[PDB]
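Shown here is one chain on its own, the form deposited in one PDB entry, set out as C-alpha cells.
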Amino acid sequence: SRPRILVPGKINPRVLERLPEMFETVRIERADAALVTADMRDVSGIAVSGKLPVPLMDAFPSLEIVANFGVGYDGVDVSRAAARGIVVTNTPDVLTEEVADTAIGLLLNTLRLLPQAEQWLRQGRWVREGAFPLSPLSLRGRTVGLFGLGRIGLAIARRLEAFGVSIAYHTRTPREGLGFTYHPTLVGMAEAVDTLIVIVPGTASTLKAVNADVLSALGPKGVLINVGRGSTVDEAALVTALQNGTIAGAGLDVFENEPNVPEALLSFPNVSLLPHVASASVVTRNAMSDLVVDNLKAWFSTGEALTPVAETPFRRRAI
C-alpha cells in the first residue's frame, strides 16, 4: 500500500506529524542496524538528521530515497547511495538567511564579548565592580575571508557588505560577477585577512583544511568563525593556536565530535561556543521539516524530488 519511511533516532516532530499525509512511519531509537527487524525490510525511504551508517542504509533492499534533514548531508554515504541507485535529498535554501544571521551574531559575540558582558551584568558585577572591561577586538577595520561562497557564504558576504568591512573569499572555482577578492588558496587568503569564516561542506576535500599553517597565516589579530562543519577545522591545532596566542579568538557552532567539546576549548575567555544552532529557530526548522517531507511526497507521487543532491540526479523507477 503506502510507502514505509524509516526515521532513525531524533528528528523534528513536524517531520513525524506530516509523514502520515502519504506514508507509514517506522521508528528506531538510534541509527543502528542492530534494531532493524524482519518486518522492517519493506521500507522504501529514510528521513534522517545526522549520521546514517552504511550498515543501516544497507539493511533495506527496497530503499529508494534518503531525505536528509539539513543542507549538509555528510552523514549520508552519498557514494554508496549513488552506487545503489538511491536518491539523496537535502534542505538547501530554506535555512540560508537564518544560518547567515547566526554567523553574523556569532562573529559579533566573538569580537565584542557580548555573552561575557551579559554574564557580568547577570552576576551582579556591574553593580559591585562597575563597567565590563573594554573588548580588545572590534569589527571596525577588519578584513573578512569567506572559506566557501555558496548559498550561505554569499548571504554572509551580503550582510558583511553593510558593516563596512573588506570581503575576500576562497572556493575551488571563482564566482565571476561579484566584486569580492578571490584567493586561489586558503592559506593565501588567511595571510591577507584577519577574520576567517568557514562555510564549506564537511567533505574529504575540506577535512582539516583549517590547520596550523592557516591559523598561523590568519595571524595575532586573527578571528576564526566556524559555521560549516567541525571536521573542516583541526580542533587540536585550534586549541594550540588559541593557547599560544597565534590567533586572537574564535567563534564555533560546530565541532569534530558533537555534542562533545574538548575541555581546553571551554577554558578560553576569547572564544564563543554554540551547540550547532545556526539553523535552530522554530520557523526555519519547520521549513526544513517541510522540505524533508515534501521531497518524499514529490518522489513517491511524481518521481522527481525537489532538492536532490548533486551526486544523485535521479528519477524514480517504480519496481
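Just so we're on the same page, rigid core means the largest C-alpha set that superposes within 1.5 Å between forms. Numbering follows the first chain given and starts at 1. What changes on going to the form deposited in another entry:
- Treating the motion between these two forms as two rigid pieces, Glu118 does not share its piece with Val88.
- Superposing C-alpha atoms between these two forms shows the smaller rigid body rotated by 10° with respect to the larger one.
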Second form
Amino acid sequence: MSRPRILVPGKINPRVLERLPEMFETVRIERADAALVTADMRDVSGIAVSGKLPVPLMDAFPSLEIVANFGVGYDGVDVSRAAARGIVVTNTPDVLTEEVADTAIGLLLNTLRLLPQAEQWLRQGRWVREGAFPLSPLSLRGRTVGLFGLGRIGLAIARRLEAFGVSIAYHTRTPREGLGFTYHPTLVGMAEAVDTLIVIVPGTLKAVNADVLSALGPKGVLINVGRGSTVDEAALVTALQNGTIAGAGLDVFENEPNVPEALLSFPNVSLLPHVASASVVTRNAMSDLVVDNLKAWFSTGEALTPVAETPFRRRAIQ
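One more: the block was the form deposited in one PDB entry; return the form deposited in another entry.
Shown next is a single chain and nothing more.
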C-alpha cells in the first residue's frame, strides 16, 4: 500500500488527524519549519495546515500537489507561489457560514443590550444589594444596519437581521442583483446613512478609519467579525473615548490574542476572543472539509473547495 503522504506541520484540530488514515499516511513535524524536513519526506504530495505555511517549507516538497487549509481564510499560505507551481490550495467555506452569522448576532445583541454586564451585575451580588441593573442606553429596536462586505456570511447575517425587523444596507464594490437591500457604492456613504456598521470583509490599510467612524455618528455602533481586522484600533479607541461613536463589539483584533488595554476599560464595548466558528460541531465540519478535499483530490483528481487563485486539476504523475 503506497498511499499518498500528507504532511501536518504543528498543531491541527484532532478530527483532521483522526480521519487522514482513511486514505493517507500522515507525516508529522513539530513546527512549520523547513529545517525539520528529512530526505524520506520528499515524496510528500499534500499538506494539511492550520495557520502559517512558510514558502521554504512549501518549496522543500518537489512532489507537492495540494495544500488543504483549515479555515475560510488562507492568508498563511503564499497562494501566488502555489499558483506558480501549479499547486491547488483549498479552504473551508460554507460549513461555518451559519455559525459565524450566529456569533455576529450574539455579539450585536450583547453590545446593544449589555447582557454580559447585566450577568456580571447579578453574579457580583448587586441585584440583591443595589437593585435593578441600569437600563441599557442602546437597543436593536429602530436601528439601521450597514453590512461592509456581503458574501455568504453577509447574506446569512442579513437574513437574521430582516427577521428582527431592522432596515438593512450593504456596501461591496459591485451590487448584487435581486436583493431587496439598499446598496451603497461607498463605505463612507453607507456609514453616514446607518447607525450600526457590521464589518465582515476579511481585512494593511484599515478601511474603518477616523472618517468612517465619524460618519457612523454619535449613535453609531461598530461590530467587527472578520478573519482579520480592517479596523483602525487606535482610531476606534479615540472615537469611543470622545463619544464620536456610541459603542462597539469586536470578535477580531489586529494582534491576537492581545487586546489594547484602552478597549477593556469602556463600559459600552463587548469583546470576544475570536469565537466566530468556535463550536465543536462547526470546527468538526471544518476538519471534515480539509480531509474531504484531500480525499476528492487523490480519488477523483479535483478538489471540493479550491481557492479562486488555484483553479487546477490534478496532473499526470511519471
